[PDB]
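Student: The lines below spell out each chain.
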Amino acid sequence: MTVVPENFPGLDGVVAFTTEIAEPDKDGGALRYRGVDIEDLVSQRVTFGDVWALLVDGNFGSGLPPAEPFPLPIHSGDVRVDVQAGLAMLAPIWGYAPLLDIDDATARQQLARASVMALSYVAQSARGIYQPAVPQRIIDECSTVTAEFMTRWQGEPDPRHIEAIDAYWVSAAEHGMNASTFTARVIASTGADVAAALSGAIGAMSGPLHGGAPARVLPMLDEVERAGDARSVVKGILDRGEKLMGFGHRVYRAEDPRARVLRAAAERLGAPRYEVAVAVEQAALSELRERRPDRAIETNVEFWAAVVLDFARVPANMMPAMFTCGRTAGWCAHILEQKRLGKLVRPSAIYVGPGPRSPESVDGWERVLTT
Amino acid sequence: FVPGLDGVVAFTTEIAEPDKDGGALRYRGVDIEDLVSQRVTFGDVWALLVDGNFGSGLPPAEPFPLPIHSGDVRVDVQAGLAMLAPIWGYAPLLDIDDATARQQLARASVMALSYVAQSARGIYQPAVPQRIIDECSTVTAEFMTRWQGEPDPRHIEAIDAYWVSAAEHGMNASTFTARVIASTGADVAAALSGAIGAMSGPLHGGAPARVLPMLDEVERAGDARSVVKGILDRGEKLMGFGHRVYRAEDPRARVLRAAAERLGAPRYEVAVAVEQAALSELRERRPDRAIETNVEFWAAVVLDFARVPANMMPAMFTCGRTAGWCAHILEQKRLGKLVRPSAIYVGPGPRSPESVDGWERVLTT
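Note that the protein sequences, when read in sequence, are chains U and H.
Letter 75 of the first sequence, counting from 1, is numbered 75 in my numbering, and no numbers are missing.
Just remember that my numbering sits 1000 ahead of the position in the second sequence, which is counted from 1.
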């Protein structure tokens, strides 16, 4: 009794795990997957299926396989809901046992099998029920998992658009301990099947406060494109008391490395929005830093994620699903690490509510009808 | 450093207090013994935990035939609840008010119970007509009528007593998962769906269906004392007994055992004999640690009394736990703080991609 807190809500700063998966070296200004810099993987054109194996296994040589033909069973109108409920439904039909009752090779195989199915579900969900499915023979001639995704969704995709997705998916594959990765590790720590953990991680990812979803910079980029001057549009947005999307406080020590590789991809692949995007980035950084010289302002990677995704004909409402597709690498790597660690994540809570009390001394007891 | 957040305090709740040292469980200060003794139905205990007071219990479920038929009752509700958001227009928690979130939690809760009853009834049987479900006066009787059509009134009191005892039990992994998702601002249907996922884990606690083979051995053997010896002699774990949770007896097992006797469960006497035989064995072979009966033992007897099969008991546990989940989700919204821990890198240092094992088997696009 008389339990009392002392200048203590949440787990901010509390270390819950140690990991060998990746290091978001924010003070050093670099992001590394198993010690491999994110800039060397994107610039040397390593496909997402191979980076998936690198994050999960710790080394190359066992990338993602082609997804088996499984037409999407859920058409809810929300791509997130379609993949969240769909992945949870894989366990009974595929005979997924709990994590406690399977070895590591089976869990790694079940994670790889579910990750490619999530990519297929997102491709089918975005194509919509108002379109006949892409034939399997056309999907089969694709050589990479990223090209398989674009073919299942678009049918005849531009190879430049496939190259753009590989740049984004790799750069968004894993970025430390967030709410969606924490949810995946907590569910997996109970010994549940890997399908339940990925399903719960998608639900946590849909939260607006999770962060990382591509920014709403397309309408602003539409104004500068036809108005001409980027400095006048950005200045007009701030002078009218509006918010600049895609720019704010710093995440890394300086420029975000994921933002540098996405901008480099937009230029290398010849994105029609690139020249306007650079002018908007230069004007936004200059105007925001000039107005508040004592505050750090950097370009969010969501700014260039929106440009790269829109270049690949990705609609704005589908961009959050594109983020979930890439994050399956980090979620799967963290689920396997939690399986080997083998300990339930269970925090505690201090009770500060009412003390012992009879039922009759509670508000609305007269409303209660006893059996 | 020790991983697992063991002992780390994450929140300060006013919902319920599992008094471990005192051996009591209270919902907003009200003992579960009084709620079960005075026959408070589950729909009212839901209101007590979520709102903090009686008055606005759970309403009858709207007609919504289950769209998911996966063969697992847990998967049917985990997927079913997540699909409620687009059809019902569930906005993110960040963009709705408190009274709307409370109604959204109450709406999805009675829908989760409706989904379990339909899933357990199975697709190979015609649905119970709505006019029969409309005859019930409590939510618990509504669940059994939609599931069994003509349920035994004693089985309704058994489920009603079990659901009250399992409604809330502090910061467990399933309740922690619901708060973590809700802290991101996601809709209440996604927080409940994720909580069911962490719920199906075997290392979460509450696996009552696993004790059934032991009770079946005693039925044909005749002497439970020698059967408990046989399980321990072969080296496998004894089901439903072991480590102490509260100071001594679990309050939920105390309530469930009393409910099994008063309602005249046919398998009560064998369960009491198995409980006596199992307690004396583990206390004799390991006399240096405190041994108590786990709640999953008497929870299985009570659930088996109400004709709940083995592959449905986990879904019955999520049904009652919706009260605790919704109460903590609503508390998490008012808190308005994103919960996330940190991790330390202990992996390899900066290296080139060509130095990684298997770079020869990678094709550059």
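Any given hint could turn out to be false.
To be verified - Below, a list of computed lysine-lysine pairs in the BS3-like style, where the Cα atoms sit at most 27 angstroms apart: (1) H:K1237 x U:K343; (2) U:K243 x H:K1237; (3) U:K26 x H:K1337; (4) U:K343 x H:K1229; (5) U:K26 x U:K243; (6) H:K1020 x U:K26; (7) H:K1020 x H:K1237.
Claimed, not checked - Now the in silico label distances, taken between C-beta atoms and shown as ranges: (8) U:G355 x H:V1002: 27 to 37 angstroms; (9) H:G1071 x U:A227: 49 to 59 angstroms; (10) U:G355 x H:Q1038: 49 to 59 angstroms; (11) U:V14 x H:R1244: 23 to 33 angstroms; (12) U:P208 x H:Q1038: 19 to 29 angstroms; (13) H:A1221 x U:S358: 54 to 64 angstroms.
Bear in mind the hints are in silico, worked out from the structure with no lab data behind them.
Built from N, CA and C at the ideal position, the CB exists for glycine as well.
Student: Now tell me if each hint is right for this structure.
Tutor: Outcome of the hint check:
1. H:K1237 x U:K343: Answer holds: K1237 of chain H to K343 of chain U is near 19 angstroms, not above 27 angstroms.
2. U:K243 x H:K1237: Violated. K243 of chain U to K1237 of chain H sits at ~61 angstroms, over the 27 angstroms cutoff.
3. U:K26 x H:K1337: 23 angstroms, holds
4. U:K343 x H:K1229: 30 angstroms, violated
5. U:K26 x U:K243: Cα-Cα ~25 angstroms, so holds.
6. H:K1020 x U:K26: 43 angstroms, violated
7. H:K1020 x H:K1237: Distance of about 25 angstroms is within 27 angstroms: holds.
8. U:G355 x H:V1002: 27 to 37 angstroms: Holds: the Cβ-Cβ distance is about 33 angstroms, inside 27 to 37 angstroms.
9. H:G1071 x U:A227: 49 to 59 angstroms: With a Cβ separation near 58 angstroms, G1071 of chain H and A227 of chain U satisfy 49 to 59 angstroms, so the hint holds.
10. U:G355 x H:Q1038: 49 to 59 angstroms: 19 angstroms, violated
11. U:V14 x H:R1244: 23 to 33 angstroms: Holds - the Cβ-Cβ distance for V14 of chain U and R1244 of chain H, about 28 angstroms, lies within 23 to 33 angstroms.
12. U:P208 x H:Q1038: 19 to 29 angstroms: 43 angstroms, violated
13. H:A1221 x U:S358: 54 to 64 angstroms: 45 angstroms, violated
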